[PDB]
Amino acid sequence: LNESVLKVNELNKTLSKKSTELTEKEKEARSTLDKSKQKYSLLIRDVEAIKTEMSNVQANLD
Amino acid sequence: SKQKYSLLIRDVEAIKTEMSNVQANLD
Numbered sequence: 001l002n003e004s005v006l007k008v009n010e011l012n013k014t015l016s017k018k019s020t021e022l023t024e025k026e027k028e029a030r031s032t033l034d035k036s037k038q039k040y041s042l043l044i045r046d047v048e049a050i051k052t053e054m055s056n057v058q059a060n061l062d
Numbered sequence: 101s102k103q104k105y106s107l108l109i110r111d112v113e114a115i116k117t118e119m120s121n122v123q124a125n126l127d
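Chains as they are written, first to last, in our numbering: chain R, 1 to 62; chain L, 101 to 127.
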């Protein structure tokens, strides 16, 4: 039980990191539009690739 | 424009992923 508590407490830092990286990538994407198709597309695939990683972590935590 | 573009590019990549699976199976 102690190890499981530690494991969830550590999954929270990855949820936090992918929140951060998603925010950063979204800012980059908006910068791309302001200035293009391929960089914007790649950042958007990523932005979604990170949210998928987030949902897995949320299910595991639950 | 942001949301429609995003949904369409994810869908395009999804389709390309489906394509690569079919190509490996065919090979």
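Careful, some of the hints might be misleading.
[Stated by the list, open to error] Some chain L residues near chain R, calculated using beta-carbon distances under 10 Å:
id : residue
1  : 102
2  : 105
3  : 110
4  : 115
5  : 120
6  : 122
7  : 123
8  : 127
[Said to hold, decoys possible] Which chain R residues stay away from chain L? Per the calculated CB distances, all over 12 Å, these:
id : residue
9  : 3
10 : 47
11 : 62
By construction, these hints were calculated from the structure, which means they are not laboratory data. Using N, Cα and C, we set each Cβ at its ideal position, and we do this for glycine too.
Verification of the hints:
Of the supplied interface hints, the one on residue 102/L holds, with its beta-carbon coming within about 7 Å of a beta-carbon of chain R, less than 10 Å. The interface hint given for residue 105/L is met, as the beta carbon of that residue sits about 7 Å from the closest beta carbon of chain R, less than 10 Å. The beta carbon of residue 110/L comes within 5 Å of a beta carbon in chain R, closer than 10 Å, and the hint placing it at the interface holds. Using the Cβ-Cβ criterion of 10 Å, the hint placing residue 115/L at the interface with chain R is not satisfied: the shortest such distance is roughly 13 Å.
The restraint placing residue 120/L at the interface with chain R is violated, with a minimum CB-CB distance near 15 Å, outside the 10 Å limit. Checking residue 122/L against chain R by beta carbon gives a least distance of about 20 Å; that is not within 10 Å, so the hint is violated. Against a cut-off of 10 Å between C-beta atoms, the interface hint on residue 123/L is violated, since the closest Cβ of chain R lies about 20 Å away. Residue-level restraint check for residue 127/L is violated (minimum Cβ-Cβ distance to chain R is 25 Å; threshold 10 Å).
With a least beta-carbon separation of about 36 Å from chain L, residue 3/R lies farther than 12 Å from that chain, consistent with its non-interface assignment. Here residue 47/R does not stay apart from chain L, with its beta-carbon only about 7 Å from theirs, under the 12 Å limit. At the 12 Å boundary, the C-beta of residue 62/R stays outside the reach of chain L, the nearest C-beta of that chain being 25 Å off.
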